[PDB]
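Given chain R, put chains X and Z with the ligands in place with the hints provided.
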Amino acid sequence: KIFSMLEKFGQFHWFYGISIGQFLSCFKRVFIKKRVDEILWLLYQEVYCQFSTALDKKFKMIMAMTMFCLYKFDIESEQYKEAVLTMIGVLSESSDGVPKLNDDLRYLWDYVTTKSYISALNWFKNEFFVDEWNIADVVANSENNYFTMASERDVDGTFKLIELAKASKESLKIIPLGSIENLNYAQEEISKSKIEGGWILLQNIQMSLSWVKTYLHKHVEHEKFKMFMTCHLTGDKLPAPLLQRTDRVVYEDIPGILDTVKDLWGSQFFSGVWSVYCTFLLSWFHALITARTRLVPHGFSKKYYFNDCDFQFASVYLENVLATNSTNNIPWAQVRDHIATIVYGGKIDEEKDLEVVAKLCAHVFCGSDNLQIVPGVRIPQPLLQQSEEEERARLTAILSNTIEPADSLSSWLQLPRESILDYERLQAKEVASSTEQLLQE
Amino acid sequence: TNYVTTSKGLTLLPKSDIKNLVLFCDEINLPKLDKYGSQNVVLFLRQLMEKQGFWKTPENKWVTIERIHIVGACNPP
Amino acid sequence: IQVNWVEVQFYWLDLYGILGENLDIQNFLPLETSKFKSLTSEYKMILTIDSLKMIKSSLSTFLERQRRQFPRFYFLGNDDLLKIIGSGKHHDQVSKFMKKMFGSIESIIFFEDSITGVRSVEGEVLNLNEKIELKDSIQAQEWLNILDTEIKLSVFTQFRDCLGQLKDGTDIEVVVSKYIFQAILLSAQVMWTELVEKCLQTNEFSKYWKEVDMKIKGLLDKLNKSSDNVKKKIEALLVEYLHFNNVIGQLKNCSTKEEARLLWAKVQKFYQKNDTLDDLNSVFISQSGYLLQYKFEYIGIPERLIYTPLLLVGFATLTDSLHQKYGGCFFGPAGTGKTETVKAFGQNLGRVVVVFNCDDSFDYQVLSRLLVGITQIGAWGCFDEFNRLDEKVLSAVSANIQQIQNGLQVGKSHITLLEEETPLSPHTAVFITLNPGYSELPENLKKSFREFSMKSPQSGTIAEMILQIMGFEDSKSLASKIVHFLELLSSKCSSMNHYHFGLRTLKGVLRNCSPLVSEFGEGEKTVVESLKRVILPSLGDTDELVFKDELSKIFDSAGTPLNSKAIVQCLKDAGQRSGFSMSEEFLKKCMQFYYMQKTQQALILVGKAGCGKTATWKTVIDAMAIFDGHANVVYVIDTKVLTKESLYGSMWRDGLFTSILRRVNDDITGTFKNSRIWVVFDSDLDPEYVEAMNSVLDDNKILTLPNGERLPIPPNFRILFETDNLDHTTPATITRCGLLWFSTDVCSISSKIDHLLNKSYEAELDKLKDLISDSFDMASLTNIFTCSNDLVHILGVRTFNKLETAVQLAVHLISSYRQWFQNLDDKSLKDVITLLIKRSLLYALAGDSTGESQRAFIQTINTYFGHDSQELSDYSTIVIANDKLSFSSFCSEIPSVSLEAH
Ligand SMILES: Nc1ncnc2c1ncn2[C@@H]1O[C@H](COP(=O)(O)OP(=O)(O)OP(=O)(O)O)[C@@H](O)[C@H]1O
Ligand SMILES: Nc1ncnc2c1ncn2[C@@H]1O[C@H](COP(=O)(O)OP(=O)(O)O)[C@@H](O)[C@H]1O
Ligand SMILES: [Mg+2]
Ligand SMILES: [Mg+2]
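Protein chains in written order, with the deposited numbering: chain R, 3627 to 3660, 3670 to 3736, 3741 to 3859, 3867 to 3916, 3921 to 4091; chain X, 2462 to 2538; chain Z, 1443 to 1488, 1511 to 1902, 1906 to 2118, 2125 to 2236, 2245 to 2383.
Each hint can be trusted.
Using 20 Å as the maximum straight-line C-alpha spacing, the simulated DMTMM-like pairs for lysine to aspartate or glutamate come out as follows:
| no. | chain 1 | residue 1 | chain 2 | residue 2 |
| --- | --- | --- | --- | --- |
| 1 | X | 2512 | Z | 2089 |
| 2 | X | 2496 | Z | 2197 |
| 3 | R | 4009 | Z | 1723 |
| 4 | Z | 1876 | R | 3820 |
| 5 | Z | 1789 | R | 3958 |
| 6 | Z | 1856 | R | 3882 |
| 7 | Z | 1914 | R | 3791 |
| 8 | Z | 1914 | R | 3882 |
| 9 | Z | 1974 | Z | 1996 |
| 10 | R | 4002 | Z | 1918 |
| 11 | X | 2496 | Z | 1824 |
| 12 | Z | 1922 | R | 4003 |
| 13 | Z | 1922 | R | 3999 |
| 14 | X | 2496 | Z | 2161 |
| 15 | Z | 2075 | X | 2511 |
| 16 | R | 3952 | Z | 1907 |
| 17 | Z | 1564 | Z | 2171 |
| 18 | X | 2512 | Z | 2235 |
| 19 | R | 3997 | Z | 1918 |
| 20 | Z | 2085 | X | 2511 |
| 21 | R | 3953 | Z | 1918 |
| 22 | X | 2496 | Z | 2164 |
| 23 | Z | 1789 | R | 3969 |
| 24 | Z | 1913 | R | 3820 |
| 25 | Z | 1913 | R | 3795 |
| 26 | X | 2522 | Z | 2140 |
| 27 | R | 3997 | Z | 1848 |
| 28 | R | 3953 | Z | 1907 |
| 29 | X | 2496 | Z | 2200 |
None of these hints come from the bench; they were simulated from the model.
So that you can see chain R by itself, here it is in the shape it has in the complex:
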């Protein structure tokens, strides 16, 4: 039954195709770790812990709820099955009714009734499945030496692997792809590392897919040697034998906005004081718009991708504006127009999203005496008699002092709470509908 569910998972997306031998080795891991009821429980726990990391967050929740449903259908009675199916029906807005009453069921009733969709979806994961696997547990407890990792755009797990470079004290060789010189360099370094070892990372193999059709198909137990392949979940279809022969991992983006501000601000190494202030405001605006982008039905109309190239272009524009101004009269309207129209709003074809970007630019680049940039923190303007390093210290101190609230998706991004509640309702509805379609078959 679990393998039928996982095959149905792999039918939806090309990255989730599971092999039979993988499932049998996963079952062997149950006895590897250290009566029939305990074996079955360990089977469910081990299958979830191993095959969750190859799935995105929505499919993680769908898989967890489906395994919980199957195990509680076998173990518990018919009334439990009816109650759980009513919970799924009211989550998907298909069937309505109070549960037939158990602390877990009344906690689930509190979650569903108080419109806590994320809590209702994560209750299964919190209650049943205990162990959770990060990147390091996946890479350490795997006999395979070839790893394929996929993600959406505007996120990249490569620095995380750089963190893993300090986890196991191994040198990571990062290889970009896209040109014939880079292709020859990648082939030479692959041929070197297949003998001398060392961790090799391949960045965004997707545009070299034809070369993947040429080399890796002909190329796919050394010490301290693991090869990592990074691709995109929304990109083109990777070959099935390449996917089956490599351990598949999905990396998930951060849930914080202030972390993005700190990450952008910690890479700006210099320019006077106003350049520092403009770069800080640009980092804040970039973090706010990128956080707003992920709420696809409500925060925007489509799924745009404002990568670091837009940040570089806007930073170059701010540097050119500040350089050609000797009176220290910053043209706030000019930079607002060029950022909301040319830099960030250029790729946007819709008008409502362009208005969203224009409103965000007007809120951020207003250049008032004091800019309450979120409901939390207000930024005063720089003084006329300070050094640049003092300004960096002041801005780092004001980032460290502020605290991201739990409702940062509403207050910091300027969205109504009704929109976020409706987005969570849609997410829980799609999760419960997919789980229902799995359970009825």
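For chains X and Z with the ligands alone, coordinates are given in the frame of chain R:
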């Protein structure tokens, strides 16, 4: 047929002098449409049957046909 | 082996002219030159063509160095470049084929064996700063590079003395008649930038706004009484003078200085460096604070785009992309003006953008060839419709521009593009236009490109400025009316495939409004009448009803009829000459075709099978011959009967269209100089047959042959088309050529019957004709044809198209009894006539139906022709006895047969 030059430029004539000629075309449905949805043969026959002649390819002259008939039998499409 | 010997002789002579005559070029490939000398000696002593082809393939490195000497000569193909190189002393075929290197430059005006001036495609003449001596011993590439530098410095010094004349206080009407459009345009831009900056140093804008208003009025007053090329120059310059007027008017209306600074930073500003010792790099452009370099390349007098704010936004984003050496990208629905925006940005910087029309016919080799050419020159390459390539060539081209942009960003001196080391000019840029929504940019390209989604252009502003240039006194409100009417038509009419109410159609309306002013005047009536002439023929029936309704509602003019009674009378004379009857709809279609062929050269006539296309255009031809007294030469050429090699030519035997065009161009007998010549493509519309002659359809009016011949087309050489569907026709050719649509047949049943009867008569005689015509009474015929329309016919053909048999059989049967008509009574004659007409109607209308349905139609015929008429039995016939004809059956005609065993 023979190519003669008597009046109105060139003229295609049957070899016989009294009996007319009939161009039998079995299965006129069978010629295939090209990649752009047209059949060369039926347009050639339309030129012969309506314009009473045809344009030659290698030296670009108009041939006039006066007593050659066209019949053809075909199944439904 | 005569053809092989001729080919060997031609190859040997060409290669001898290329390499043998000239010294100090044989040291690169001594083995190849020795092999060529041995082959030439063998050919002189005496299949030898494969060895010469292999030698010329091995001489590609020498050819590569020859192209590296002057990279503009890289643009031509290998064959034509070899043709130029072999002619090292005649100095011919060079000036006639440089439109593909220099873009907008056509020919050279050279006198006394020296270079005097140059001539663009549009016809503008540029006089060089100094003459260049031309000698036979001088190689082509040296004087070519000298001429390129000379024309660039001549453009620079014409710009300089235009600036001197304008700064001296002289009027523009004396300088607009002397120097080229580029020089006066750039001088005007520089002076306008300086004047607006001086006015921005203060708080007054009115007096220079009035000055540029008087300047616009002066250009218009010079425009209305000037020559054709001078008219083109004044219109092109009036585009940017209206732009300057708009910019100054916007700056005057600003409430605060912040808005003025913002709007001045948004628009393009032109500055000249007065201290650098360099010449071509002394003028730059500021936009939104970003700097770009003017190239001083010749452009001529092009079609200047109207500077709408979204065009300036596209300019701003292209400048922002090129500031950090990033590529350019535009995407969106077709018709938003992306390629023209790229071209206008390029030619606004005084340089020519090389355009690659991406399609499946464009293979990898030619695309990479043009790409390495444009990156070794320094030109700007724009890929139009990049998403029209197969996966392998898409990936290869994507990698090519990826590594080009990677070299450009890092400031690499040279690039190993296409596995050879080539120079990388820092001024090379690549732009891509896309039409998504039916893919998108690849990942490698999108990592180094700036995508921009430019919106639908402001049709109101564009139409208003075009009308203002054309001299309409009410331009803004009229342009708003035109764009609102086109929006109403696009929102209310049917969703037909060939309907196009975009900016191309509006600009076609405004272009066709220009010949009509001499008979309608600058007013709303001209717009209404041209709108009719270019929109009405392409619509259906209810669509014409909607067009008329919204034309009477939106536009105030009710469409008064013009004075065209003489042409209508000539049309009716031709119709009664050829037997055609003039209904209101046939007259409408004939007049629409006539008015369309007054202006547009290439006409397309579309309708159902046998709807009346050939009759319509032949009647118009006859009427125009009667009206003008002008000769007709018609070449009815079926498009799909002849193949591509036979229609045009195969590599040399001339094809039919090429042969007749050469014959009409030569005009040995002089008959074609006083005649109208018509080519009628009476077959289906083929992309591979129309796209082979794009250069004839556009304003170039030049046919380009595979061997390189450029044949002119006379203005009276009017092309026609005659098809039945438009599902395999590109929207470009639909907008390029005039289009006439036959929504309904141009006849009645009785009119076609009368014409067929007259044709059969022409192919007691008058009494017989009267009896036949009177027996075809309309009251019974209409009912019997409606009854036949409800039957089931194999291979369903319209009853209308069946009429051509029903008449043609019937009269002939009566003709077969022309020797038995003086020996019978009137009643017997009427019975015979009725019986023969019944038989012909049976075997024409229901003759393609089953036997039971044929008998049912026999019963219907007998009931609808009355019981007084002779009843056509199901097996009846007329036999000839020894003295007189009689009515019998086919039962007595059956011969008993005796067959042997084997
Ligand atoms: N004004 C008219 N009065 C009477 N008959 C007419 C008139 N105009 C056309 N016809 C008839 O229409 C018939 C259709 O032939 P025509 O040459 O017009 O076809 P077409 O438009 O070239 O058709 P296709 O190209 O599809 O074969 C002619 O044979 C002619 O008898
Ligand atoms: N600012 C403008 N001024 C004048 N004409 C314009 C302008 N913008 C667009 N056009 C017209 O719009 C027409 C459609 O352009 P098109 O060739 O369809 O571009 P694309 O193929 O990139 O969509 C062009 O013929 C051009 O003349
Ligand atoms: Mg285009
Ligand atoms: Mg026809």
